[PDB]
Every structure is written in C-alpha cells, then in structure tokens.
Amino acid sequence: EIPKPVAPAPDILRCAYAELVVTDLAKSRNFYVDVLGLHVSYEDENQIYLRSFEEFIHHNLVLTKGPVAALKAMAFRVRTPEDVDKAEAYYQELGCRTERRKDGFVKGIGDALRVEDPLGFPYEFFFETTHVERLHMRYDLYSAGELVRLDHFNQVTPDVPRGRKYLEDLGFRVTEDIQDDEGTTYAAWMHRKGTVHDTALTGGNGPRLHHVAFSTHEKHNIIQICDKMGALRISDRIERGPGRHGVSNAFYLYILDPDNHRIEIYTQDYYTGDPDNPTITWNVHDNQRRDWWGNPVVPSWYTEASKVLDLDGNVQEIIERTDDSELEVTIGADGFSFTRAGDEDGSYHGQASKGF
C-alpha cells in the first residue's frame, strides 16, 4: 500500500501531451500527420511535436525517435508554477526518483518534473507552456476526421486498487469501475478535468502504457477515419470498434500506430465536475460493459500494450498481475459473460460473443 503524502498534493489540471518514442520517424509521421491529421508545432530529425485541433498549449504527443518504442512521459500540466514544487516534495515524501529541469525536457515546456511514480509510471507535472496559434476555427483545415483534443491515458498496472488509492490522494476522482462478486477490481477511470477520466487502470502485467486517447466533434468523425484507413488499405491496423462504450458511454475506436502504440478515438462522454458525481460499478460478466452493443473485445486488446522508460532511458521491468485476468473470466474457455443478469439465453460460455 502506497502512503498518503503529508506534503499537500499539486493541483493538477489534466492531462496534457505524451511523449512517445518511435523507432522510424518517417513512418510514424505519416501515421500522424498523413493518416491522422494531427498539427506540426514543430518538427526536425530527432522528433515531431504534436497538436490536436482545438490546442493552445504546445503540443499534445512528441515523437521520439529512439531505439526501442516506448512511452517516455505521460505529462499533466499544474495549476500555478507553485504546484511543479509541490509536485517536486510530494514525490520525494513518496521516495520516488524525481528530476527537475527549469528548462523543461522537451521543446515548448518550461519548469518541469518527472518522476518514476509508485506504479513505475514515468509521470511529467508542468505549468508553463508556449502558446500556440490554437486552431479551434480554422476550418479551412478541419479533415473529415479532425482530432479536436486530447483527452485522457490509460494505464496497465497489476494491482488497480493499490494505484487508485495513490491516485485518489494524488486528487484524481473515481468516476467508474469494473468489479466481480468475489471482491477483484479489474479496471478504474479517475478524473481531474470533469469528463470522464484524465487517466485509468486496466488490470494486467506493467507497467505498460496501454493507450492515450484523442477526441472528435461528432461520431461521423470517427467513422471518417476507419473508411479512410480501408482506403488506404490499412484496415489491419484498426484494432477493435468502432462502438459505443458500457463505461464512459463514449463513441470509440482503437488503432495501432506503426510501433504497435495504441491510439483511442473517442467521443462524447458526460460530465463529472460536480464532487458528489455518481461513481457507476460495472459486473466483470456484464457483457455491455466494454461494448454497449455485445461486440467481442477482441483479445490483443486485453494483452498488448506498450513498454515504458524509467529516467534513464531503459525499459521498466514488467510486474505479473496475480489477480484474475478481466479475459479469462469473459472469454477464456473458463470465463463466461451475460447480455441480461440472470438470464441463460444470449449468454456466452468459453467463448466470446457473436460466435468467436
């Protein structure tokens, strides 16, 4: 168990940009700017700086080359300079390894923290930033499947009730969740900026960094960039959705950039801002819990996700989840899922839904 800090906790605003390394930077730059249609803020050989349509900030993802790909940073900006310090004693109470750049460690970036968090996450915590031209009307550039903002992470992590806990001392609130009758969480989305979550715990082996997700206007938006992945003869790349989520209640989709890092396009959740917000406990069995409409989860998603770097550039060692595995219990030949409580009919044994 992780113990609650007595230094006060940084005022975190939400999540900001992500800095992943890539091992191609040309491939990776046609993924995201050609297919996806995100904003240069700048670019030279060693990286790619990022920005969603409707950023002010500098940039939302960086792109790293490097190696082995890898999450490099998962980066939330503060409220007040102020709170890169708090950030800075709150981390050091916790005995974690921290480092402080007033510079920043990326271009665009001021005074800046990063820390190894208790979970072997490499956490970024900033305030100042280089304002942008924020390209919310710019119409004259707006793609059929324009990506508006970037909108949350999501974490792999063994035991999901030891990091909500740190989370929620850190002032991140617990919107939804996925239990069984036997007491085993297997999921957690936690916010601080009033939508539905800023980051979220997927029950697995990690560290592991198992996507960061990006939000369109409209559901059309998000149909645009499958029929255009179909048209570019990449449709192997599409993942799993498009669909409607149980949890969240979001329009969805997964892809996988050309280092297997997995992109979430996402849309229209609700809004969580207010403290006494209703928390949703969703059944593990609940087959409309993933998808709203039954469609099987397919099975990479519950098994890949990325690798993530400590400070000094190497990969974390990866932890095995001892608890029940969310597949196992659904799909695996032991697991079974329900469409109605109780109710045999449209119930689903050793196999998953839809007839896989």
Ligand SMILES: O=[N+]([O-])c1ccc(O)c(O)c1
Given for the second form:
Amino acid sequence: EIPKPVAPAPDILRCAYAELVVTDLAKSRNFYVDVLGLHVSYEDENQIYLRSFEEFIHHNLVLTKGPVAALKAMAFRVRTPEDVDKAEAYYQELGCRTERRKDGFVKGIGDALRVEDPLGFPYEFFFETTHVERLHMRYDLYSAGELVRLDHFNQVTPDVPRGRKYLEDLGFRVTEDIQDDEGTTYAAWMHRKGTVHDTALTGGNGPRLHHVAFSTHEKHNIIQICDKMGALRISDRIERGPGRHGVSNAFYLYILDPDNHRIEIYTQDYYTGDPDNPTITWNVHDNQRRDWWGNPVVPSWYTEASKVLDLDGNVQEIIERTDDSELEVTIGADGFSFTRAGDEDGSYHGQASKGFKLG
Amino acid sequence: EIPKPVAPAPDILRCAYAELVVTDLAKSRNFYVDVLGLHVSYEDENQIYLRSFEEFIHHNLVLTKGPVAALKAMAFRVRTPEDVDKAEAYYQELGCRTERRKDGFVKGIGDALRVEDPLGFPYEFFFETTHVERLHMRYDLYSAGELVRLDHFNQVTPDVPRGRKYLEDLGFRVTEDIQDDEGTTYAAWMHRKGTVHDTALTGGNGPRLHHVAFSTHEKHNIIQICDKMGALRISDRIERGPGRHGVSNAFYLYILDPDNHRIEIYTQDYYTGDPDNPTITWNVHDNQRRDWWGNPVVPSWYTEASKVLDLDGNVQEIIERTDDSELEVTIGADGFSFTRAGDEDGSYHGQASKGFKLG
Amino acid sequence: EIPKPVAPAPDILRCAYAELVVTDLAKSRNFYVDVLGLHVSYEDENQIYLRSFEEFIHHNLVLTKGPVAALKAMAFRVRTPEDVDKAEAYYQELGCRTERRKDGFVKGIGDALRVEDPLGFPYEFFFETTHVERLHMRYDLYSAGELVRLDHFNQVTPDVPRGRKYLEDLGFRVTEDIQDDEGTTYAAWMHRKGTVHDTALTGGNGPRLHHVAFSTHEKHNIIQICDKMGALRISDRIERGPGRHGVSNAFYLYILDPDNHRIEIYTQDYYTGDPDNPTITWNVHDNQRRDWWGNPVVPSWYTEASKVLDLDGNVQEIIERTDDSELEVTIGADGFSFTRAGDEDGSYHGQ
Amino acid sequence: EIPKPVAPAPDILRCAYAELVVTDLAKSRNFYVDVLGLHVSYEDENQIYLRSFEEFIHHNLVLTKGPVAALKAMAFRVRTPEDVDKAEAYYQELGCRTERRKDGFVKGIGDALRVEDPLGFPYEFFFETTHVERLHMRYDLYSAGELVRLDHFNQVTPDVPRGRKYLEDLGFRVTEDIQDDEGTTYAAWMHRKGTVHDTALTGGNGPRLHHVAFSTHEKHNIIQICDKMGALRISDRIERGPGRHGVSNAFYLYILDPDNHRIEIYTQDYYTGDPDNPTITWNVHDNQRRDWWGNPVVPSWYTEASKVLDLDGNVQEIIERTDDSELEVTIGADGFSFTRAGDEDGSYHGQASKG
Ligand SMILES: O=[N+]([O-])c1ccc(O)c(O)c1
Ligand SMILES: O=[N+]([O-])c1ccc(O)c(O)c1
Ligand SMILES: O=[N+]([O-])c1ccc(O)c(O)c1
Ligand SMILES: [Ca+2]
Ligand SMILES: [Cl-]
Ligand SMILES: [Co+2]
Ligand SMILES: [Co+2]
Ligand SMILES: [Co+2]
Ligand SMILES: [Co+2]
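Having gone through the form deposited without the named molecule, I am curious about the other one (the form solved in complex with the named molecule); can you provide its structure?
Below: every chain and molecule of the assembly, starting with the one above.
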C-alpha cells in the first residue's frame, strides 16, 4: 500500500551519518569521544560532529543539543548531485513532506534533502560533503576499542512488510529476515553497500530508532569496549552482549548513551553485493537467530527505542504494532524457543534461555 | 578447625589432571575430542586419556566409563618422588583415608597417592608420569578453539574458611576471594604455579566438583568454541559466558559435557608467583565481581555441580551449606547487587542484572 | 592508447575466480586443501574446484591439470546475463580475440565469455553460476587459518598508465597508486566491489599473473598460516611477510604454491564505494609504501610471476617494461628509499 | 670452571626490573611512555620509574640519566628477606664483588645486594619493594599495544657452557638451547618463574646486554606496536620481526630505543615449571630456530648489544668469543642453513634466507 513511484529512485550509496538530539552535550561528548573514541571533525556549544577511524566524509554522527533526546535525521549518501533531485521528485510523488537546503542542514554537508518518509522517519539524502583527513593509518591515534566505520541503522516500525516493500522500491535489497510459520514478519535487513545492511526494520511500536551501529576491525576491539566500561564502572550501560549474531553472522555489542540512545558495535558480517545474494529467513522461535550462542535477548532490547522527530523538530506520534510481538512469542510467559527444531531438549517455554525469566 | 600437621606438606607443582566418570564413553569422546579438540594419548573401551596442546605429561583428563557420573580424582603433580611419601604422611596425620599404588591408578601415571581429603574430595598426588610428544608447535594440528593447558579445578564446599585454612597449610596461597561485610566468605582462589589458581573453593552444598578449566592462547579462541557449538546446534550446552571475570581478570566460558560436568575455558589471568602477591577481596554484592561487564550469573552456575567419589568409588554424601548463599544474597528474592558502591543507580534489588529474574 | 569502445561496458560486480593450470594435481590439492583449507565444490582426476568460507557461487579457484603451469582465466562476475553480451560486443570492438561458451568453460559456470584482452590477459565474464552451500556459519569446519573470501588479482604489465586507462573505461576506479616525481607510475590498484581492489597492475614484464589474493577475518588467521607452514616444514614457501601494507593498509602474507603460483593472504583494507573516494599516491622511494613497517621487499617479489595462457592454451609472449623499474630505483645498485622524506637517517642507498 | 659454592643459593622468584642508563631522559621518556605506553611510577629530572600493566612491585624499568648508555643492573626478586643474605654469602664464596644497601639503590626497592657476577654482569637481588596500584584491570588506560609484564633479559657472553653451569647452580633450569654437531653451544635459555626464561645467554663478545623483553596479552598487540611506529614514521627503529620464534614458540618483535638499547615484545610461550620439563635443543643451521617462518635474522641482531656497567658505574671491558659465531656459520660468506634437515631444496649457502 505504499505505491511505487513513476519517478526513478535515487541511487543510494550507503548509510552515511545520523543526527541525534542530546540533552547534555558535555555528558554526550564524554561518552562518544572519551569512552568510545570517535574523532571530532567540528564542535561548538550547540553540536559535536564525529567520525570513525576510516571515514573521509565530514562526519558519521552529529550530536545536536536540544530539549528532547531523539533521532533528528538518518542520512544516506547518494551517488551524484542529480540523485538529490531524484530523491525530491520521488518523495513528492509519494506525497511526503520534504525540505531542501542547498547549503545543508548540518555543517560539512552541502545540498541536502530531508523528508518525513511514509514510515514517519526523517531521512536525509545528500551527495556533497566536506572531505576531511582520512585517519585509517593513524595508528598513533588508534584505540584498543577503535570504531572504524558507520555500518547501519535499525528502525522500529509496526508493519514490517509495508516498510520492506517501500525500501525495496527505493533500491534496498533484503538479505535476511525473521518470520514465523503462520506468515508474520518480525524483522528484515536490507542493504545498498554490499554488507548485510544499511538499514533494518524491527517490528514494534514506531517510528522509533532502535540503534546506530559502528564497526570495529576485530572481535577483541569489541571485547575492549566492554572491559573499558567495566573499568569506568559504567557496566550498567552495557545493555546486551557481547555476542555472535545469527542473522548477519556479526560479532556484536549494544550499549546505551547518556540519553539512552542505543549504539551497536558490530564486526565481520559477509558480502552481499551480488544481485542474487541468497536470502536467509530465520524462524522467530529459533534461539540461535539473534544470539548464535543462545544467550537470552534482554527485554529492554525489544521494548526500548529512541523517539524520532519530524521536520519541525517535534516528536513523531507512535503507532502501535498489531502483529505478534517477538518478545512475547519467544521469552514471555507464553513464549517459546528451541535450540534444535523439533527437539524438546534445549527448548525454553515461558522463559528465556539459560535459566532466566523476565525481570 | 583443620589442624596444621607437624609433618611437612608435599611440594605441589600444579593441577595436573582430573579423572571424570562418564556414563557413555562414545558420547563423551565426541564432546572432548570432536567438539573441543583435545588430543588422545590413549583410549580403549573403558577409558579415554586426553591432553592439551602444550602438555608433555601423559594426560590432563581421563574419562572413565562407570554407572554414575562423578569426579573420581583431581590430581596434582608434586615436585619429587619423595613428595608422594610426604603427602601420604601429611594426610595420615590429618586423619584421612589414603590409598597408595606404586604403579598408578590410571595409565601413564606411576607411583600415586589418592586421599579422601578433609573436605571429602578425592585428591591424587604423583610425580612419575609417562612423557608424550609435546604438541606446542604442531600448528598442523592447531584448532581455531585450541585448548592449550589445563588451568585449574573449582570445588563446591559448604565452609569456605575451613577449607581455605587447610589449603593454605598445604601451601596454596589465596590470590582473590569474595566476602561480605558480615564475615561470610563465599569463594576463594588459591595457587601453587603462579597463576590466579590451581584450585578454588565455591561456597555450596558439597563435596561437589564445580568445574575443570582449560586455557586458550587468545580470546578469539574462546569465541570460536561458542561459534562452533552454535554450528553444531548444541548452544544449549553453553551455560554461561563468554565474559570477562572480575575475580582473576580472565576471559572465560562455561560449557556442559554429556553428563553435565562443567568445563570452563579461560585465558589471560595474571602472575601471582611473588609470595606477597596482593590478595584481592571483592564484595559479594559487587555486580562486576564475577562478570566484569555486569552480565547476570545464571542460577544453575550456583546450584549445579558434579558428584565426587570416595576411594571405594561410592558417591560422597553431600553436607548442606549453612552460611549465606551467594545466589540468595545477590539475585534471590531479598538479594542485592550494585554497579557503583553506594549508588542506587545501576543497583538491583531482588533480581539479576540486565533485566532478568530467577527462572 | 587503448580506445574506449562505443559499446557500453559490462557491469562488473567483482573478481570471482581464477583458473590456474597446475602440473601435479595431487600436490596442488595438498597445498590448497590440506595446507590452506579451501573447500571442495567438485573434483575429478583432471580438476579441483575450490571455494572460500563465505562464498555462495560455485568456486573461487579452479585447479586444472596441464603440461605448463600458468593462469588460464581470471574471471569476473557481471551483474546480469545481458552483461555477457555487452562484454562480447565490447571486446570485439577492441579488436580482441573472444570465445563464447553458452554452457561455460568450467563446471559450475554457465554462459561465459573468455577473451585475450588488450594487455594479453585471459579474462572471463559470466553471470550464471551454480549456487552452493554458503559456509559462512559452518564454524564446525572453520580452520585457524580460514580463507573467507576471494579479494583480488594482481597483474604484471609493462605500461601501467595504458592498462589503467583501459580498466577505468571498463568501470574500475583507481584507489591507490605509486609514482615518482619524474612522472613514472609503477603500480595502480582499482576496484569494482568497494574494497581497495579487484585487480591491480604491477609495472613489469608481462602479461604475467603476479598473485591471487584471499582474505581472512582477522590478523591472527594469517599468523596461523605462517605457523602451520613452519610446522609442515615448508617455511621456504613463505615468500614475503607477514606485514602491514602501506598501499591498501591491509595485513598481508605472500606464499608460493607447488608450481610457484603466488598466493596473497589479506585482511582489513577500507571502504572505497563512494565515487569520490580519495585516491592516494605514494612516492616509489617511500620505504613504508609496500610494507608499512619498513621491512624490505625481496627481489623475487618484483621479478617472479606466473605465465598466462591465450584462448588456445598456449603461453602468452612477454613484453619487457621499458619504463623505470621499481626494484631498480629502490633496492638496486643505484636505488634508494627513505623512512622520512629528506632524512638521511633511516634511508637506504643501493641496498 | 665456575665452582659450585658450599653456601646455599638464594631462592630467586623471577626477573623483576632492569636499570638502564640513558643519555637524554626526555627522548627516552617519549619512547618508553609515549610510544610504548609504559606506566610512570615515579619520575624526576634524573630518573623515570616505569612499570607494566599488570605489575604491583614498584617498577619493571628504571631509566637513569648518565653519560654513557648501558645496563646498570638486571634485578631478580628473591622469595624472602633471608634470601638476600643467602645471595650475599653465595657471591662472596664465588669471589665476586658485592655491595649491599639496606635502603636500596633505586626508589621503590628496599634491602638489595648488587654483584659483579662471574660473567661480568651487574645482578641485583632483593625482596623488599614498594607496592603500587596494580593496573591489570584499568582498561580505561589500556593501550592497543599494551605491555603487560616484564618477561626476561638476554645476555651476550663469550662462553655459553661456562655461564650455563653457573646459572644452573644458582637454580635456573635450561629450557631450550642451540648447539651444532661439533660440540659448540651458541645460546641457552633458563628460568625460575615457569616460563621459557627469566634470562638467556647469547654467544658473543661480552658482557653485553642483548635485550630486555616485555609481554603483551595477544599477538595483535605486537602488530599494533609496528603499525604505530609506522604512523610515527619511526619504522627504522624496528630491527627485526614481528615473527614467531622457534625456540620458545613465542610471538615477537625487536625494536631499538633512542640509545639503541634493544627491547623485545614477546607473547605466548609455554609452561616450564615441572622440574623434568623436557629440554629442547635446536641445531644452529636450522632456519626455523629463531624465526619459525624462516625469515632472515639481520646481522645487527647478532653484532649489536648494550654495554654493561660494573658496581662503580664504569663500562665492563669486552672479552671476545673464540667459539664459532652463529652469524658466521648461518648467514656469513661460508654460512649454511636448512629448512628441512638433509634437503638441499630450501637450504641457503653463504647468505641469509628469502633472497
Ligand atoms: O540477529 N540480530 O539480533 C541482529 C543482527 C544484526 C544486527 O545488526 C542487529 O542489530 C541484530
Ligand atoms: O603495498 N603493496 O606491496 C600491496 C598492497 C596491496 C596488495 O594487495 C598487494 O599485493 C601489494
Ligand atoms: O628464537 N630466538 O631468536 C629467541 C627465542 C626467544 C627469545 O626471547 C629471543 O629473544 C630469541
Ligand atoms: Ca551485608
Ligand atoms: Cl565467576
Ligand atoms: Co544492528
Ligand atoms: Co574457574
Ligand atoms: Co595483492
Ligand atoms: Co628474548
């Protein structure tokens, strides 16, 4: 029911940056710069512009001081200047609100288009950006937990197939998904850049931003972030992990910033650039689908997510999911999951894996 | 309570091997050889003799077929032939039942003394052992999850201070422990070889064997064990982890063998060989003491452990712990844990960390 | 001076496989399967088809028994079936010899075009391929040295600018190169898939195949290959490395198969998918350009490379490079390199 | 030739610290703290006291400003205060010069004995030391190249068998050595703490200090040290490696400090604490003995080493080795090495491996 426009989709390269509204800029800076080691491209009393170790565009993360913590924009780089025009025509044909600024919404971005998309998310499309020193060989700066790239976003939306169809028309290709035997979709992952995803849809009340993910080189870099958070006595901000994902096969960690924005650290997924890249569908009851080692998924992972803003900076109203809840069908009192399909040994009924119930 | 003998203690080098009784030898072989990659020194219809990658003594693990799965012996190597005589005299003075076999209890061990120690555990002391090819540079054999050394044992016993004093008199030095502000010791770690430990006491009903631990070279090796267990669809046999320990600072994983004997994989603890090595005491309510990252300790970790045998091969009767339960005081109904001492934020009252409760 | 065809270029996805002729198939199998741990997709008495851990197409490497060890085909996957037609029209316009087999040249590949390209290299273009089990989560099979993807080829050719322009016309984008102040190009790296390269041109006598490269997940996997080669007492087959590259920033190792085909093991280069990806030019005298740690490049790495075959299976005649030699200008008797530009300390002259 | 004293040997725990005389304290600080990330226990205008990540004794390295760069002391910790007395009586009986100071020679060490040992090296034995914060869990400080422990020293000495017998009587156990088929010993490694070594003897003109070695947790930490040195454009201070050793099986790297004092970064050797630990002897012509991957050993690694000082602070005179030279027999003009014993293929005649 989101129609395919007659207008051609913009050619999207990759996820490029997020703008997050934060309430205390100094506390946020401590987290992203001092704890996580991201590199400052620009900062003032109002905003902090941050990039990963291997980035050459101006930034991967913009922290903007504001009254209500929320996602303000998730930005995708398009292939040419003309693709911004294509994005504008595309979303206008969808009847979405758009705003076009020839000199950008944030520093280091040129001609850019922001839109309130059909799922209620603030997307940005841009080509022009200020190139900065690519720090990829600055091993004099390299931290034991170095974040090397922006990898993806993850969005919470009530109707996954509706959103997926819309993203496929935009050019994103589905790589993996989670479904049940009676036709409910719980989550889908989709890419432009040849990794498992650039964005992903997680079934839930929405629009909300589930997380932004950065990559490391190696698994030990993710271990170090955990170790460093323990040393800083902020282990309570480690939400979930570390682990190996089923979907994507990446090694992962989820942590929470000072405003509870969720950040994933992620490494070593696989190549998806071929157009007949085999899709993988997982059963929602498979306890190795999210954590391959069977570790239980914390309920906050399923329930909590950041607000998103519309183009005036007001919070988007949330619409409730009516399809089945992943939490409820897997780890709730009526849930279940299995280690081996069909085997009662290693299956969990009315609780999570490993001997825990919901707190 | 356990008196210091007048007889000199044996000079103990290190933990050397454990003999575990298993119910199905083939299934147990599949676990230790095919899944974990231990190296077969000898086997027959009744026993499998296994060693780690860097070992030169005959074995680190003996699997013995029997009717009831149990620990049959935890074995420590002593410095000289004469230390076996010292051991016999020492335990005889302690009023303990002992058995001496000039040609060993298991193949590849010579003159050996087994004892029913004052905590009810079957200890063996030996010097003589058949040397085998040390595989430390056999990289043609090296597995992605290679177990390189035997590291320690961990024993469940109801009265930790009683056992701790006895082990200190035997020459083990306590490196770390867990206590509360009311005089209760929950656990202690003690060594001879200059690592955090060779054995350890965990407060609980006993005597029972909590685990046997093997080490890997690096953290990624432990990750690979998890990943392989996922691939073999036996993730339900991963009990707890992987993680970073608070006590010991080691990276760790706990898995369960076919008879539910617990095995820990462990790496990168610190040097303790100096006689005034600083002893570290953690508070039992510190939520970073067991898992540095704050991840909850599954209840089975506190409640489940292996039976131990007496010298006749009969199961030792279990004596109930009357001191406070670590489980109860941290994750139980009236339990409490903190992330930062004296901060309510990041504390847990009557449940586990990260959003979980006891199943 | 290779003219751009008016015919549209095929849309190339990536490097996909190489077909190497080997003289002793069993010896070759020992190296690629037992030492290196590649996964068998098919074998018989004449060929072995091998793939890396994360591959879903039929193979990344075909070993074919033949009388003379050589590269028989370096194969690139194209985006659609129609791109094979585009490739045929493109190379035909270039005046190249071509051969189309609607049922493929090797097993597991369908409609395929092979060509003797303008640099004398046997290129293949195909879309159709038999999908196989993607082993990316088969950690029960995973080796301590596991090879997880095919990453790139490297080609020895006498005139780098000439080849570079030809590959740019084909849609490859240069990511890094090596030049001097006099204006000589010694090497160039170029990509389609968004890594530092899918192929690369090394200045030298050619056409010859310098190496085929596979990636690992982590640096320790490369270390393990070395360690295993020591344990197998074949450390003499370790040619160069392990190291960190300057160009590409990748951790690397070069080893030699039983017919002296050079295999690179490679990991952790960077993303190049943006069309304005900044191009990095290194000076040929910078001693950190090839090995970032300043370790010397053994002369064999510059002088040795594999023969390539024409479409009849005969060895391609070789053309001598007339441009300056990177070996000669860096480690030859009149060569030099520096650690810090302009500093005699940490410089090497004739050495 | 060096007699075994009647007096009991001291019970030596491990190598504990080295005192290095350096010429420019600021440059040495930049290397050891800024490049390598060692932790400052104490510093003033004359000395920098440094320790590794997991250490609790006051320091593993003392950098002392002086006119001539050299080893001033290689220190071993002993098990009890009474073992310093035992050390003293032992070295007096050996006829060695000794000097004992109840309040130590450097800050952070108490009662200490220093000796000019029978091979001409300045050994210190102590028990008493000031405990400091053990940083083993301070992951807020942890560097990508973090040095976690002091592992060993390596000493250059002309007659290895002579030295080996002496260290053995002192309680060190030989774990590995290098010999040839003609009765010559080229190197030996020996331990107290249950690793491959606490010190080692390399055949060569001496006494000289070959290197001091620090451990990392993992192989990637050593790789990061190389990468950082490249980024700082000081790759010319990487001498050798990184590699896998044959002897010891450890992953390694050799780098040079501003006074050319050689530092090794080392990780993942094996447990040697059993008294019948099997000794491993390598042939000197085995090209996998030093670098398991057969990478060539640069001649500077065999020829260059640091001066050592006597108890008065003067440089020890160097005695020339007359036994065969490892450099000459493996990579010199008449040198030879093999990959596979008895196989001509993969052997090197009169030159180093790998072209
Ligand atoms: O398996 N899932 O839990 C996944 C897989 C990949 C992701 O990036 C993620 O956020 C969740
Ligand atoms: O730095 N060069 O020596 C390089 C860089 C990347 C490569 O894949 C290579 O084969 C050589
Ligand atoms: O094998 N050798 O070259 C070795 C082995 C261990 C060492 O610590 C060393 O400095 C050299
Ligand atoms: Ca209390
Ligand atoms: Cl624990
Ligand atoms: Co994600
Ligand atoms: Co343990
Ligand atoms: Co290459
Ligand atoms: Co050394």
